[PDB]
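What you see is part of a larger complex, with each chain still in position.
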Amino acid sequence: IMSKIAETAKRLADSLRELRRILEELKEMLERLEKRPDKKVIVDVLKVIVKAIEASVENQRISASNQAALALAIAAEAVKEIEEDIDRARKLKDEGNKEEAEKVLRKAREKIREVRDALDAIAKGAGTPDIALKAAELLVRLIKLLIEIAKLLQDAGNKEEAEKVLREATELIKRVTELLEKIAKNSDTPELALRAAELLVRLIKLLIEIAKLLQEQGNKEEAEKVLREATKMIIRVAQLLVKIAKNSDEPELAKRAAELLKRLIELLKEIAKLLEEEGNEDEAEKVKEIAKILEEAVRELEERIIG
Amino acid sequence: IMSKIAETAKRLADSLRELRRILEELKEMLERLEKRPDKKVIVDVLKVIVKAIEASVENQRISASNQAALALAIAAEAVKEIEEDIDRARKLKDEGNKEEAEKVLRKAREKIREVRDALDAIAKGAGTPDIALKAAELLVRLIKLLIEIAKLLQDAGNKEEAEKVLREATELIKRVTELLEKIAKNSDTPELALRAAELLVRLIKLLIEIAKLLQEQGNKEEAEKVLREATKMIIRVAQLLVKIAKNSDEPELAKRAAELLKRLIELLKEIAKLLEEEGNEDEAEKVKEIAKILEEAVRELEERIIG
């Protein structure tokens, strides 16, 4: 993040230098038009006015990008503040103040919503897709922090309070998932699509930890629905992972997709294990059936790794 | 604050898009002027140049507003750093290092002055008044943190050091009060004036806690002057609160002004109680006389609530 603050600052410094140069050439065209005007000489003068505004627009573009990088760093500090207050509320539950920790967690939830609204805004207006991925990488941390909040509520006994929190993280995962899918779809390089796939693999594991926590509350009826969203997302990611490795600039992008495709298999095992504990063994064996589909997909990738 | 970073970023993204569109229309006018020039056709071309610069000015406006939101978030993190170092210096007084805590508090005081200089600057150049209110909301926290500093100095025995700190927060309250009064005076909507009134009610309570702390030091001669500023400010706020509730867009703005007007009464009770402890019972009964004025003002508001 701090390195993206560096790049956006260096590129902003270049555009501002060229904008200052195009300003001096704008004033030289004032001299060229002060000596003698003409009907067609003005055309070449407006060429500088256009180059002046376009140099200003590009500077205001990178300036907005540098502010985005500064906004991503402030948002990262906001997540760390929430994490400190979560561990603080965790300390309160362990120390004995289980009642006061519920006020610290309701603060962090309003904080998480506020950092979410910023990160989602930073993701939409992202001239560079790395701004969106870094924003999604922090939105992922907000979701995992939302899961850690619900586990403290469940540990404190506020199971009804934790379900709504888990339902909120469930809706946050889908929103970030759709953003990550757009980044991967529109990814010009295979590296950016793989970075979105690494976060998508995490959003599935977050979706799994929600399901197990939903099972611990007793809401085995909704953890089924949540596992249906994780199993669906794994299929999309696997489609993406197989496509990234098929059209591989470097073979290192295929092996990393092979590692992630193994993770989709492993995460699919826990889904079937959790579906077994829910009693839905029929849908669990179908989940294992998808795992054997992905296993074959990983196996054929390792063959291209050697062949 | 993080939500204001979102709004300013989204509005910046829109202005930058329209600035890029007005750039392409600027280059289309280069084509329209390359084919054939004229004496009056140039007029409509400059219309785009004006729309190009105005689209750039508005983008540089929202960009400055987004930087202000980023500056308000960095300032909020600065207040939290000061608060951690205050609680740290509080731990040092409780642990035994009352001598080293005085260096931590002198650091935080120089920090508070620096965050104050930024927040006051952010308040002046606020294209949106919410930038100024959020800035005032953090300047309020700086003042309460300045009060907590002086109480640690008083608890550590540095009564002479705490008075100057309390005199510094007294001068900070007036500065933020004048800003809050300008925001409420110039408030287009009753919501913004009520938000300034909520902070004004806090600045009075801060001014009261300074007075009691000034009484604990023995400077009952200056706590009188400080209570004279709190009693004056309550009158101004009550004038504002009664006016906000009179011209109420929603009746919910009147009840909140009724709650605050009750707080002005309660805060006025402590002023008379502190003036009683100072011995100025004559000015204390006059303070109770203002409380009965506000009580009647609250009562008539509740009648309009029902009538």
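Labels A and B are assigned to the chains in the order they are written; within every chain, residues are numbered from 1.
The definition used in the following text is that contacts are C-beta pairs under 8 Å (C-beta built on N, C-alpha and C of every residue); 3 or more make two chains touch, one makes a residue touch a chain.
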Full count of same-sequence chains in the assembly - 2 placed in this view: 3
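Everything that follows uses one rule, which is that only the chains that are shown with their structure count from here on.
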Approximate Å spacing (C-alpha centroids) for the pair chain A, chain B: 34
Interface residues, chain B side, partner chain A - complex: 1-3, 5-7, 9-10, 12-13, 16, 19-20, 23, 26-27, 30, 33-34, 37, 49, 52-53, 56, 59-60, 63, 66-67, 70, 73-74, 77, 80
Interface residues, chain A side, partner chain B - complex: 39-40, 42-43, 46-47, 49-50, 53-54, 56-57, 60-61, 63-64, 67-68, 70-71, 74-75, 77-78, 81, 111, 114-115, 117-118, 120-122, 124-125
